[PDB]
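Residue strings, one per chain:
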Amino acid sequence: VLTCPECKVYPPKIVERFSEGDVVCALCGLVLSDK
Amino acid sequence: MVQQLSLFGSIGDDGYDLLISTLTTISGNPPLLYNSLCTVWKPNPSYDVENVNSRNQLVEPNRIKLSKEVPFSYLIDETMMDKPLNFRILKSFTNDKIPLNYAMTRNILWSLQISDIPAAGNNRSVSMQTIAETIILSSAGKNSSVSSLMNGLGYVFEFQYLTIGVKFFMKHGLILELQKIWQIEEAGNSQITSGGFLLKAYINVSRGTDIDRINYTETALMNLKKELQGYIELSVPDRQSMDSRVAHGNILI
Amino acid sequence: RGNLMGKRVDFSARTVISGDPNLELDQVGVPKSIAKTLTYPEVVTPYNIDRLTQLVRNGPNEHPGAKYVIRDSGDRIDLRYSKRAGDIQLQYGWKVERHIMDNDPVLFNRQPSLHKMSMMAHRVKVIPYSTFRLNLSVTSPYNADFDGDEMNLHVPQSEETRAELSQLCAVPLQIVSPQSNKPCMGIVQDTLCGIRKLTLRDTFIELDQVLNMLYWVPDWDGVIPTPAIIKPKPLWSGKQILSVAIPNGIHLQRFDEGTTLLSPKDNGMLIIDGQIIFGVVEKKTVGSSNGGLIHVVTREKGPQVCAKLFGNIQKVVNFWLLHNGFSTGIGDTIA
Amino acid sequence: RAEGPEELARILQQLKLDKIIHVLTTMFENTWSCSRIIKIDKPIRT
Amino acid sequence: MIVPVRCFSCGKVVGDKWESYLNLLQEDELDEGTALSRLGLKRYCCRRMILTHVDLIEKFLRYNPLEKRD
Amino acid sequence: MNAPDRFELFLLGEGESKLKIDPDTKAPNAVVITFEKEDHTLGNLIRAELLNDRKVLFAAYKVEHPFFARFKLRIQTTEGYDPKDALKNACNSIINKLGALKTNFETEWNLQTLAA
Amino acid sequence: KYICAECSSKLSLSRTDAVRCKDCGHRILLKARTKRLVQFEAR
Amino acid sequence: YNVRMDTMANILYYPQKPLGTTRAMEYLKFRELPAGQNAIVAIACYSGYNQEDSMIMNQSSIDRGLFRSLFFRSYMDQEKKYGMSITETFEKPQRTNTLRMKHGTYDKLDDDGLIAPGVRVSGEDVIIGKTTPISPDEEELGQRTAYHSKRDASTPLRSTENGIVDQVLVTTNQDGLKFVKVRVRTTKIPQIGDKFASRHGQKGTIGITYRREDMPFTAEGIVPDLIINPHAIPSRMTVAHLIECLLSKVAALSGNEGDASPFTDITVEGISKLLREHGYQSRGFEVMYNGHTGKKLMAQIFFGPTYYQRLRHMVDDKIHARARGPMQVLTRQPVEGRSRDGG
Amino acid sequence: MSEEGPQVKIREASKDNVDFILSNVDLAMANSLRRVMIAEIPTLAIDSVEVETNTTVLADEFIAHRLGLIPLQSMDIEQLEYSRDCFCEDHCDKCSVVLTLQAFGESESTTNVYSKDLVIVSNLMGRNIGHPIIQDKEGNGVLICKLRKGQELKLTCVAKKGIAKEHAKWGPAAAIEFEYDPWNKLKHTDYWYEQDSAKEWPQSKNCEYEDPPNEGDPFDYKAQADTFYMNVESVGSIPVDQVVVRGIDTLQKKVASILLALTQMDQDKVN
Amino acid sequence: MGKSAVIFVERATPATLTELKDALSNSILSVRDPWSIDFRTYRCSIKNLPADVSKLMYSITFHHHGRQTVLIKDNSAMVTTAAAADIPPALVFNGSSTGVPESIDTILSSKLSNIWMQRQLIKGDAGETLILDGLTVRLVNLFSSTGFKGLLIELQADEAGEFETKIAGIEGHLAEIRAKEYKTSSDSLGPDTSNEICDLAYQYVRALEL
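Chains as they are written, first to last, in full-length UniProt numbering: chain G, 21 to 55; chain L, 1 to 109, 164 to 307; chain Z, 337 to 671; chain Y, 542 to 572, 574 to 588; chain F, 1 to 70; chain X, 1 to 116; chain B, 28 to 70; chain A, 785 to 1127; chain S, 1 to 271; chain C, 1 to 210.
No lab work stands behind these hints: they were computed from the structure.
Mixed in with the good hints there might be a few duds.
Unchecked claim - Listed below are the simulated SDA-like cross-link pairs for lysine to any residue, each with C-alpha atoms no more than 25 angstroms apart in a straight line:
#1 55(G) x 876(A)
#2 111(C) x 214(L)
#3 269(S) x 89(X)
#4 15(S) x 107(X)
#5 185(S) x 543(Z)
#6 62(X) x 219(S)
#7 972(A) x 55(S)
#8 137(S) x 75(S)
#9 254(S) x 114(X)
#10 253(S) x 34(X)
#11 88(X) x 16(C)
#12 9(S) x 114(X)
#13 1102(A) x 943(A)
#14 461(Z) x 429(Z)
#15 111(C) x 395(Z)
#16 62(B) x 158(S)
#17 185(S) x 219(S)
#18 18(X) x 252(S)
#19 253(S) x 105(C)
#20 979(A) x 439(Z)
#21 37(X) x 36(S)
#22 892(A) x 55(S)
#23 37(X) x 121(C)
#24 979(A) x 849(A)
#25 876(A) x 812(A)
#26 72(X) x 9(X)
#27 55(G) x 849(A)
#28 160(S) x 849(A)
#29 886(A) x 39(G)
#30 18(X) x 268(S)
#31 269(S) x 148(C)
#32 33(G) x 890(A)
#33 368(Z) x 1105(A)
#34 166(C) x 543(Y)
#35 372(Z) x 479(Z)
#36 137(S) x 65(F)
#37 37(X) x 148(C)
#38 1079(A) x 64(X)
#39 33(G) x 1105(A)
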């Protein structure tokens, strides 16, 4: 399970940026996991 | 556009009088009565705003606030002209009923204002919020009215409320407000801040880039909070409560 | 030999090259999109917070702009999804990952990298279209031409690394090669073919062209050289206009076969305090040879002055050759 | 804020000149429409 | 591939003259140079446009975009 | 693709001044004037006209890079004479010459049509 | 909608029907261009 | 070429048969399927933007359609049958019952799961919708939810390829499984960084493009479609380039095919004689004026048509940059490949 | 007659070509005039296409590019507006023209699709504009495409206003000849010879309009270029005399814009 | 009550302003400080609109009248200020305003950009204002993105008795300079409610329309 520690919204909304190797919350723009 | 740095709190009316005296002991100024009337408007759901860039989230829909001052002759009933117009009248404003009803406000229909959710992060000691403001001076035409104007822009009415309270001006541009809020509907008037006063201490900064000024403002606000220790607890409100975007609905009151 | 001595890297690009005679010696033209993709982590300070704030407001779809914002705690905000291009307030110690901007050092090379002089530093200039740009005198150390060669660009990501690229590997500092202790760059190809047709005794210049040529030299001082034929018509000799590019205080003597102190064949070369006294200039003077103009200028003034000299000479001679003209045909092989 | 003795002398000369000009212009206006727009390239020969 | 409408060099228009140019070659049995000059093509770039054209549109036209083999 | 739009050759961007005048610090009575969205067509004409004024000492122009439409002009005139005034005189003379040229061509064309 | 490959017959096929032509019985079927022309901007 | 769904194909808009042809070509059929165009070339020095094998080109010529090529690409896919149950289906996926969806826009897909001809696809869009049923006992280590009964197996476009879908084909293979082929079209236009070559080992790249006003012109108002440098002639001793230029000029001025076969009786002096009959300087020189100021040029210029071919290397297929991105499973280092945005 | 200004002598004229001499003028002025005559005179051309049916053997952008170069009448182009200035959404009635093309190959023998089949359906408001330019005898004009049995093409075209500095399609002049000094009295060109330079180089047609130099005369080191010989041909959209006049007008307007900006800046300096 | 009128000349020349300045030089009493004006049009980006609802919104910014913006839509006007000195003291006192507002153009082009988008912009700078006998005349050159557009004339008087005669005189003055295609307007937005700047903005809109 992977959740944003600032929006605190369930279920979390998440978009994976494959071309940058990142996982990004779609609301605050925060970067969750890299590489 | 300002960066408003704010701290919040609340008190029960029992200590109200006492509180007032203490403030005058600190500021050296007497309280000044004031009132206001705010109307909230939201984008029309009949119109499909496909222009919201869903794949990029360039922008999200938001709510507009229109404020105006209303003379006390609309707020004083036939039992109250004998008393002078000062702060003590607030002691009689404990009932959910109020002279200003729905029909008068409908007959009325300024300052236009938009805001954003406060800044993220847990290393912020005061609520920092960004505000964009403009002023409407007058109008003309065949349908000159606030309602027609906001429908021309693309917004519709959502609700409204009435604030009555007192103001204290301290040094360094610090403003302290004691408020009572009455929501108004055709069904009637209900006091949300029932049996108490809402306390808000805030400062305004004109330019967000200047950081020396912001540090000074935070220092003044924390010093004020540390002065009132033991009487009233001033706290940073919830960041998710001061969010006014249409997608999610809640209202700090 | 495949994952510990050499390995693939980040913040790099690869593209074909081209020639640009208007660029300075140590400056490279970088396409717009390649400049929009690579970044640099600039630190927010009192001296840059205004420009950096405007850059963040610009966003990632506009050059100049930014693409990420790193906080003090290590968290990184993607500016594209966070609507807060107009919302994020910056503090001291945050980092803005901005695009690469003019006068940023880069490292630039061609494979195979056989010797030291095949990997050099450059200053960027953001340009349209898809090719890299180079001055036509650095193509000799790279052993590169413009019929399809691709070269590699590497971006530093710090202040110490930038200082190393700017004080050690710069193109100005790589002119006197240590393999054979003689210059590795010089005037080449058509600028060399022109700087010789200019300095013959036959070539005289009128007023307007002298004015334009003197304007083209960016180090001019606003003084018009007194002509050599005052009457019955003011004219200038090519040696006179070309002497403006050469700095002051440069002296050169070269005696060829059968040349006296009054050369009848216009051989040799005499330069006294910046002025060409007699002698045609050609491969033995402005080429990559020992004791030529480039070597003495570098050993007397410094690398920066010679770097200026390359572009001064190229600008003047190319402007003149644009109006003179030159060609070649089958009539030159007939006897 | 004057800086030079020649500047001071010129200032006093202009003071006398435009004081006379103002006096006579007031004399004309209290009885006449002057023009404050016309500027001639060459002063008229006396 | 149908005849270019304009000349790549001097901006002139040669597209409409192809049909009439083909007429002179077999109805009047003239040579190529005189036929090219009969239509006002005087710069040799226009002569280049008309003279060296491979008309490939008459081969695709006997054919369909469906079922070519190999 | 990195090909810039073509209309940037003849449409000024917002916040762009068509002229920019800057005093030159080396020679007295000298100004450098930058023109935007213009090429040799105008600079050559203006410099060739500015070379006819006996009070004009220096007049030269250049186009630094053939990617961008802009050019620089440099003027130096005699003492007690403003380079902007010289530019104005040059433009007036050019306009008068072009008007005379147009009238002459119209007269000749109409005469030919009468003779056509 | 679809279209045959030899005779270009006009056919409509479901998500379960066999991929064949009714008249010629061939196994090669082509689509049909979007009937409603759609405007676009090249970006 | 219209039918065939090849992996790649390039086509030239207007091909021109050469003005100078060997006699053997009549057996290779090079005058039926040419591979280049007759370009007016002026060998000269002009502004210094064609040194070291670069060249300068006329932009109005580009705009009127010189050296413009169509490009064609294709993709294929088919339903796989694992065991006895069909484990892949062609249907438009829905986010309600699907996991691991791609960021591409599924909107352009039809109900059949296949895009239709005539839609401007772009970067990272999907053109085939493929869904894989998954057995209930298979869970993605907690990623799967209750309603996610299927997985996405769509094929997005290559990151850079843009254009218009041109054909879609549905068939079946030997096993009776469904089979889809999509062909996509695009247009390619010359630009700074492309690659051109003459028939004598003289190739180069475009280094800058000029408009007809800055081009040097002759007294007759003719303008060179391209300009090459003369510093390429001596060390290469390609006298055949010069002879081909001269003979092609004579054939264009005259209007008949000029023989250039090896071991024959044609000489340089003969064609120069045939040239002077028309009214030009015998060694192919001409008087040309400067484009900027309009003056005369001190030196004359060698001028005439030639044959050029547009080679296979475009700068759009060689350009690559990378800040960050995917890593490798074992060594955890940036991946290999430009189409996979590697280091 | 204006004796203080540039002089002109027309020798030849037609619908397409004008052949003349320009005297008592600088070289910069004539060069700028020709540059403007080629590059900066507005005209009307097709700028967008949308296609309904395409059953031909050619592509879509192929036919679009073919259509984008067809010439159309643009005599009254001064009464249209740049589409980036008109307040209308997309294309106006005051800032565009609209045509339609429809063709179908009913017959067995292949059918040519020419440019005579473009039909205008917008409102012209009494302006002479939009007509296709036809110069061949048969009247068919530019041939556009080719059709067989059972093939159809249907599309709509939007034509706008612009200049040649952004695409070669808006240019109204094909090629203009510019000569001067056929005797090389000024010594501006230096000839290349094998034995005798005076014989290898042919003579221009213009030598008859000047007198040959005499070997006894020393080199005249005071002359300047003053007489130019020009020839101008038009694509067909604009009459050629209008091409010359509009080039002069455009140069005048550019210089006047410079003057106005300078006056504005001087007023700013006054403040 | 003051009256105003606006005349726009489309086929003007660059020097027409100087011609009209000199042709009136006999009656010119004085000259005052220069002025500027801005004219934007905003478009509606939503497609689910009724037929009777207009799509445009014209914003006119007056620089000399104390930096004031006017928004016009379907004969409906709205006047906004952005200076701290134009704020009614009640709004400052009660807290309805932070005291340093922004121009409404920033609001339209920053926060509401998904409903309204800019379409054009016409500017006028360094105009001249002349005081004639009981009259004030302002002249300026209009510049669009492409270039020069036309000439703009605005007339303002305090006494409304002989306004028509002055308009006719100015029209005749333009007539001798052979400017024959000019569009004039002196209409009023509301017959009963008279606001000067709103009426001026409406007259500008009526003059500048195509």
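Given the proposed pairing of residue 137(S) with residue 65(F), does the C-alpha separation stay at or below 25 angstroms?
36 angstroms, violated
Between residue 972(A) and residue 55(S), does the CA-CA distance stay at or below 25 angstroms?
Within the cut-off at roughly 23 angstroms; holds.
Can you confirm whether the C-alpha distance between residue 253(S) and residue 105(C) stays at or below 25 angstroms?
Roughly 34 angstroms between the alpha carbons, so the hint for residue 253(S) and residue 105(C) is violated.
For the pair we were handed, residue 269(S) and residue 148(C), check the Cα-Cα distance against 25 angstroms.
It holds: about 21 angstroms lies between the C-alpha atoms, which stays within 25 angstroms.
Compare the distance between the alpha carbons of residue 1079(A) and residue 64(X) with 25 angstroms, and conclude whether the hinted pair is satisfied.
It holds: about 21 angstroms lies between the C-alpha atoms, which stays within 25 angstroms.
Proposed proximity, residue 812(A) with residue 876(A) (alpha carbon, max 25 angstroms):
Between residue 876(A) and residue 812(A) the Cα gap is close to 50 angstroms, so the pair fails against 25 angstroms, i.e. violated.
25 angstroms Cα cutoff - pair residue 111(C), residue 395(Z)
16 angstroms, holds
Below or equal to 25 angstroms on CA atoms is what counts here, so check residue 160(S) against residue 849(A).
21 angstroms, holds
Residue 62(X) paired with residue 219(S) [C-alpha distance capped at 25 angstroms]
32 angstroms, violated
Take the C-alpha atoms of residue 111(C) and residue 214(L), compute the straight-line distance between them, and say whether it is at most 25 angstroms.
This hinted pair holds, its Cα atoms lying about 22 angstroms apart.
25 angstroms limit on alpha-carbon distance, applied to hinted pair residue 62(B) and residue 158(S):
21 angstroms, holds
Hinted pair residue 368(Z) and residue 1105(A), Cα distance within 25 angstroms
12 angstroms, holds
The structure does not agree with the numbered hints 1, 6, 9, 14, 19, 20, 25, 27, 34, 35, 36 and 39 stated previously, though it agrees with the rest.
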